[PDB]
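Visitor: If you want the building blocks of each chain, they are given just below.
There are 4 protein chains.
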Amino acid sequence: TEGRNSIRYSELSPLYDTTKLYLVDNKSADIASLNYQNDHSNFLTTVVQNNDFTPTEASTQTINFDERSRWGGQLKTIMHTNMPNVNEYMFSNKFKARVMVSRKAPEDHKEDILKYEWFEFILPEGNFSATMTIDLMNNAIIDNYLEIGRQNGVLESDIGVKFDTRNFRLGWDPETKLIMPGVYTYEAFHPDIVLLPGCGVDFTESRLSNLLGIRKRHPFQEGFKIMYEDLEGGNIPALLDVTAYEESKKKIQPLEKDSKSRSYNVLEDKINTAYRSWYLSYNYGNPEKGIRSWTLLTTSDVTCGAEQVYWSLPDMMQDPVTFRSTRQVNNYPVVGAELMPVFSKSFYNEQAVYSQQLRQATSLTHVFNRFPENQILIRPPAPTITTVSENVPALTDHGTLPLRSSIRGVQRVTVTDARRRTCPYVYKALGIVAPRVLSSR
Amino acid sequence: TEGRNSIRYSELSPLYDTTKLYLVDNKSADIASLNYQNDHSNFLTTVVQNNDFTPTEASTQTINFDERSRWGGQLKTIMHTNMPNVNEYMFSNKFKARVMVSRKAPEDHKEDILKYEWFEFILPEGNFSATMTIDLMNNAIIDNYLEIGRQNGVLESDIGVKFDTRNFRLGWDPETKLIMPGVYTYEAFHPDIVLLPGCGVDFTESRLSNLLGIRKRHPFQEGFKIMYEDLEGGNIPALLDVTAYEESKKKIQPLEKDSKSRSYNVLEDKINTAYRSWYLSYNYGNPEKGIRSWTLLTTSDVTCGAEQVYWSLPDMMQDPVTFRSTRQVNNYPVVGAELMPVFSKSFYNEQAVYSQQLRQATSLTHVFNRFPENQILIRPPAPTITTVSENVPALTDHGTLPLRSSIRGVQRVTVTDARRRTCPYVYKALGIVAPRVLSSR
Amino acid sequence: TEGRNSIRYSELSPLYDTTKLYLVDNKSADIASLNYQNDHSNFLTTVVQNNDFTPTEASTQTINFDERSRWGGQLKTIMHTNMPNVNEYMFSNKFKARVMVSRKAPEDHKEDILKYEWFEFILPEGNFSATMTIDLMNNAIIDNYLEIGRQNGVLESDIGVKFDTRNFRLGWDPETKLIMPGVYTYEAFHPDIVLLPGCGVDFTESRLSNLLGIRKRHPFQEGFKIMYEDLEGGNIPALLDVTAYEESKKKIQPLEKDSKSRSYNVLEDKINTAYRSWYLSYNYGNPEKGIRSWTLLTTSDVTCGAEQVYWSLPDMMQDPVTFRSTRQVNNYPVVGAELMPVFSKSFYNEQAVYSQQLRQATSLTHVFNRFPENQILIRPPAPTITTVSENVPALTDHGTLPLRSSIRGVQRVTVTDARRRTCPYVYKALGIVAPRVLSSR
Amino acid sequence: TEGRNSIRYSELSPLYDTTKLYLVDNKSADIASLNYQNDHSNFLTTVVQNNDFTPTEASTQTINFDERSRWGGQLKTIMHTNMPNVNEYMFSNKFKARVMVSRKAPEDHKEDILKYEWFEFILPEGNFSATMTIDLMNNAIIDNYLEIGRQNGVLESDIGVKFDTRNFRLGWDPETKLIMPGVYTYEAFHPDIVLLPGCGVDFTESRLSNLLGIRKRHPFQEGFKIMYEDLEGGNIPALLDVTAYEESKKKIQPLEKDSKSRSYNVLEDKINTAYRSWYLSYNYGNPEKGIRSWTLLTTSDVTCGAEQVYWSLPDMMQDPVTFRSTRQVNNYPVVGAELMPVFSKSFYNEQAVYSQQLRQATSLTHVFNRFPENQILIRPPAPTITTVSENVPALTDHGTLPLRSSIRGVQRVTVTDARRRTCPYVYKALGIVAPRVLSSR
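Chains as they are written, first to last, in my numbering: chain A, 252 to 692; chain B, 252 to 692; chain C, 252 to 692; chain D, 252 to 692.
Hints should not be assumed to be uniformly reliable.
Identical copies carry no separate label here, and so any pair may be met within one copy or between two of them.
[Unchecked claim] With a straight-line Cα cutoff of 16 Å, these simulated EDC-like cross-link-like pairs (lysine to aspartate or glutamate) come out:
(1) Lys327 / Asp648
(2) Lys327 / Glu589
(3) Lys500 / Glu368
(4) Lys428 / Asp648
(5) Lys347 / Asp492
(6) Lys271 / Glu589
(7) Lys511 / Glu558
(8) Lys467 / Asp290
(9) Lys596 / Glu641
(10) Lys476 / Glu318
(11) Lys501 / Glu438
(12) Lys428 / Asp394
(13) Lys428 / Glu398
(14) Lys508 / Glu483
(15) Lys278 / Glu558
(16) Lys278 / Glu318
(17) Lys347 / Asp394
Treat the hints as calculated values from the structure; they're not laboratory data.
The following block holds chain A by itself, in its conformation from the complex:
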């Protein structure tokens, strides 16, 4: 083992069989000279710590480890990131739906031809919770109504899509098939979608379908769209009229108008309305047809997907097996993998209804909750547990890999995504390599 384990720089003393190599980015010389167009995910840094050499003339010395021995040293990384919840880079603020336009009469409810098209709604970006994002989704539909649908003959009783977090079944007397208290329960179950005949939603090439918790049984197929004609057996039951009920006590019928004459779209029967729900058609319906054979129920996910991240270092380590040696930017043979450092955290406000009753009195006149009298179009209640994403630092150890014989003065580092593109939310990157001796030659 002796003799063949020296580490010569060029003119200093030779070391023996253990050093360290620091890949930092906070040198004050590289900022003005080498790195001028690139950022913390694709920077270019030096290894020599000599400061008799500007880094343009330090790109010539070679730290040549001794030959007749195979070398190789382990890798330790420290990265630290800060990305928001909703952003444009990871496709988290887009969803397209199909809502109604141009309700006009031709020249009796056997008239009024309705029209429909697709839109690709877009909501703002920031770091939000799991409930505030629902209110931002439910604003991207109404500001389409205030632009296009109001000037035509739409009368704000047939919007079509509305994201809600209730169960429209509690209180269903099976003898009369109506809800007894004359109001729906203001309780906070799993979120769902509410449709209307002629509408639908599409979550293809988006990421908000992980936030709601509506997955798919075969997650590799073609795409993910939900129409009105898939929610069979999931109509919301009609609401009993209680102010026209006490004439029997000095008789029973559904309610149709609520203080402003908004129709509930009650059908020809006197049992249920014309609104279909996802959560009510998943377990109160048929476990063979429609839904429950096509999707799956899942808890909410605020960080909306945990993707992997690839470290690359193509001037020190040798290439792993089945990798082509290239200098194109988006191939760069991978030296280690990790997970993206974005976690989740629960908080348990526990009130969630008084804290919603009082919040829209000192902070919010009517900007959210525009329709505070209709029971279906009312604001959804907040859950008793709330979840917010957070960013933590990550300390990792990637094991040993063989390294080259001669190491150049300037070095590249690269931190990529799963689709080979640099993540712009990386704030700090830092690595330490410690070479050892392996088998002889």
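Starting from the structure of chain A, add chains B, C and D where the hints point.
Guide: What follows is chains B, C and D alone, placed relative to chain A:
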């Protein structure tokens, strides 16, 4: 060690005695070609990172490690899951009980033959807390009463089963054997069950018996059912009448009717009612007969059971000892074991009674708490600590195992349950294998 | 190293120098055949994973590792438990005290001979906080008074023992030696005990002395009992009368009767009462005699003692040094040690007085706080921080130990206490052994 | 290996091939003798534990490890620090802006020449949250107005810079281009800046730009300043007058004066005011010109930058490769790197508006929120999640490095910054070195 440690792919340069092998699932080529019917728990992926080959024609190259040496490399996995609390896959929304039907008079309390049968109640699914699941269990009994028992001669004073979280003994004056304040304590101890003569509950092939905290001393026997005739010495003491007490002060007897004439089923004595409780018969009864010799008292468990999970990988590693080499799906020799990544977390609301007094005023008219005047049938109070499950990622290191000589291009992975079936709630799976050299040949 | 490292089962292929061995308990064949009388702490399981053999006929095959080599493999365990705070198994619901009975007059306060004896109070079991357990201790004294002491001549002013969490000194004007506001401070310091002449408490063979925080300087001596004659220099100062004070302003004396004529047992002087306190005699007294030379002050401990746990495995590993090879159940040579997985957690309610003022208005008429007018017998205030125990899973690595040459098909596992008895609160146990090669033969 | 592995001190027994060496700073002899001018980041300590020698005469003995062998031992450190959020050492309380002075009339809004200059505001230091620092920034502008701007002709309607956390777009009816409720939403989104024509802010050589979350796409360029002429397409829309609206109902125009006649600087149109916002010009503007092509949106960062820290030890370890052996203080060859132990933590107050409505009634008359009637100059609302930094201890393991042959009695330690200067907030430093044997000689 030299010479016999080369790693030849087929046409690239030979490596020496350390590489890495990435088993990812997020390749954009495998989605359209190989994996079309299966999901993240049973997928099929490639190892070659060459991108001159579609993965149908990359299933031919062999990464043959060198012979005349025994190889073997350690394994590191990263999995991430999201399952709800109550679901159908792990038998967490079923329990059967025996309640009453058809109370009619034959042609004096020596009449009215009562009947009884079993039902297998079913409650909805989602992610709930430890108290909201109690209210969902206590709704699956009343909606049977509103369907079958109300149309027969049942008068809603003899329901039979009711899940409660109180202690019906605090305030028991031993001289007069009645409760002095004329009301039970609205305090929040361990949950129990409340029976009535002719009823019972059965938790065989279910999992909700871990949520309540009612275990069994010999947990391997046959099953787990609790009848009325096991709770001997656990009758709830009768409640003293205080509004007919101040006639002595210008005398003592139990109370029978409460503002709506609901009978408390007071016995022939004037001491105790005809309701038996589990918690009151476990420590105030007999430590030899009945209960305390058959069950055990345990804290609540929201995740309801911590089961193990098995990794399988039958194209790279060799088979461990006493395993048969097969290609049936539900045998697949196991390469490592872990724990299912579902934890628990406490929150301490600390109010739990004002936050229950005020919650059913802005959110809930009478949907829960249907009987808000009877002391036994009243809503149970919430504990001062609440517990909710949560899902975290899991980073594991499984040590070294010997691997085969030639590795095919396409590889299988499989993540199973304890009863050899694929868990559908796995969202991300990821592995890294790093081969080393062992003994020679 | 080659040649002498084979692992033959009996009829499969021979492995080489690394396997794994799974000691699971969730096999569906062992439940019906082998394990029928025992539980998760002392079960009996198989190693062969062949399923051509029922485990009664699989107790014959031997996985014989190769001779002429010393073997040995490391151990990894996963255990998961759920025990309550207060229970009978770990002596956490017993304490004996000496209170008063039979105050009768012989035939002037030179009469009324008093009597005293010991009782061994017992309180119920469950999972409670650090303050609710104080209220349960303070109920086990009053229900003795309502049974035996009330029928004799005891007049509920001389109970004798009362667990309190205040400091009865704040507001002591040194000129007049009385408390100025006419009320004690309703503040929430360390808990103590309150005695009365002729009483005492004994915490021998109990565990609640760790919950209060009253330790002992020499913790190995004989036992732990505290009488009235040890608290010298710790009398509570008497309370100034303020309603008979404003006659000086159109004079100073202690108060004796409080709205129901309960005597404070004021002494012959007009300075202090006849109640002694532990916390007030520990630091306001003498640091040489009495207390402060015999006990110690310690923070509260909700889990009440962290005991160790021993793993045993007497069919695979060899015996460690100085252990006798036996098959009695309560010796079983130990293969590794851990800690019991019961932690503590703080919550900081921060109100603790309004949340106590309002709690006994919607939940509690007078069941606790029976005497809500006497200042000494009033309910103690809750601390501003509260602590509750919790149960977490435990992942441990115990290092390497040498194992036997031939391994039988059926195996024993055992998880014991520090006094060699099986803990009944173990819910899941799981181990993995991975053999390696050590020195030759 | 035998023979050549002795460790001779000078006169004790020789050890063999494993010891430990403790670098503590809490010796009571070094405080009075060696360390008299320096602190915990640059102290000077001994290794001999003999106490027959004062450390002035213990700087002569040499713990000479054996020659004809290369030695080297691993390093473990324990450091513990306490730095505030806002301080002077890390440039966290400085920002310069350009506000207005000397509005006087020359001798019709075609007069009143305005003047502008730069100031370098300075705010106090301490440990604050993410919202209280915003209020301290917004006080450093007004106390300039009360000193210089009030005595000239400035009329407190044209301050110019104001840090706000709202979105001034919610409620924008696209038909009339005004905000319908007549008030802005008191909601708590990402923070931004609010400008006025003729002003600007500069965050060069500061650190508060990481607290707001306004990053830059190329983070290496020259500096970071934001003027009014970069925020094109981001004017705040004007506010509709609702008290002059009900004359149509027994008509629509912007509002200009608010109860004290403060002008909103409404433009020649009747659509929008003359205030530009950052958050409203980032996503409602142009994704090609102005902003969104130059900056980036990021969550808040309370610790404001995670910098690295360097351990140095220039009397025991040998120098790593490409380091010059020197005794100047600010070079000192680095033996290991870490991260600064300052983390972040979220708390979720959840009220944030009632807790702001009530906070400025019992604690704050008008010191903050000086203008509680103007909608633009009102106090910004607090977020529903708040983040505070915290300090934790750090336990690290730095691997092995080769050490010298003879070790002197006195030793140096040094803990530096990224710009080679001693951090004054280090409270405890502690290291343990354990030598082993490497290759022979």
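Visitor: Can you name, in rising order, the numbers of the hints this structure does not satisfy?
Guide: 3, 4, 5, 7, 10, 11, 14, 16
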